[PDB]
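Only one protein chain is missing; all other protein chains are in place.
So that you can tell them apart, the chains are marked A and B in the order they are listed, and the count of residues begins at 1 in each.
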Amino acid sequence: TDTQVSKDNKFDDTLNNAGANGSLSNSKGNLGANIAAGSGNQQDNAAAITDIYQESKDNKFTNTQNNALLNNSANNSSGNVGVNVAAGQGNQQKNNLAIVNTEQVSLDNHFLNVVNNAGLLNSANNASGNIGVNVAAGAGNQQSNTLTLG
Amino acid sequence: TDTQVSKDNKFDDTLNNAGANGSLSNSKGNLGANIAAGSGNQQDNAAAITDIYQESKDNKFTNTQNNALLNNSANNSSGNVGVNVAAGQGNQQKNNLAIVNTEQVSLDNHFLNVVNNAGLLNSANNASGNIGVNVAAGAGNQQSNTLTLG
Partner (left out) sequence: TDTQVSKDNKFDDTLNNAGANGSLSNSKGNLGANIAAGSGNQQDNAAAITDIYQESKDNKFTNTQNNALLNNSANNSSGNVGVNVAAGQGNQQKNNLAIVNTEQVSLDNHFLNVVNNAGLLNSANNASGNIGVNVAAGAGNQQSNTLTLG
């Protein structure tokens, strides 16, 4: 049982770059990657072979260039792959994988506004099995993946 | 069982770019991608081989150029492919895949208004099996996909 909670938080604004170059190219079984470039993002990965939460209560976001990017990656993979990219302030990410519950809530928040760039370059090229990709560029996006075999 | 909920949220406005270049070109089994460029979008993917929710309660959207795009992608795929693109503020996305329930609700909201650009460049070129694409550019669009084999 995992939990990730964020109560009140005052963000006031700046360069934010997050990326993955040629990497995770090959895989077997499960694989999960989450990339974000922001202020209060949340990331979580759960995988297994053979009950989680993510809360984001009141936060004051006030304001900058945000670059969340993913270059060559996850090209030739077998099994499960989950990729989530977001360039915002309060995004939430999650990946659930299995071989042979979930909840993501965002309560009251104050987003006020700045350039946000998401991205997915040459990637996910030859995926056998399962694969899920979520890309967003905003303020309060939410992403989740769920894959299984057997 | 997955869940994605967004209670009250005050969005006040800005550049938002989200895209996927030549990627996901080949696939086997299942594949799902969701791209959005906005404020409070929600993304979820569920796939398997061999009960989900998405709520969006009251949110105050007040206001910027939004660019949600997908260049070359998902060209030669075998099995299931689900792509959802939206350039708005409170869109919701979902992909359900299987080999061998669902609900998406949007309660009260306050959308007030700005350029929104969706897009689907050369993609989905040669898909064998199943494929579904949903493109929208707005404020509160909702997208969902459901594919299966066997």
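FYI, a residue touches a chain if its C-beta (ideal position, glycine included) is under 8 Å from a C-beta of that chain, and two chains touch if they have at least 3 such contacts.
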Sole residue of A:41, A:130, A:143 or A:144 that reaches the chain not shown, by the stated touch rule: A:41
Absent chain, residues of chain A that touch it: 1-50, 93, 95, 97
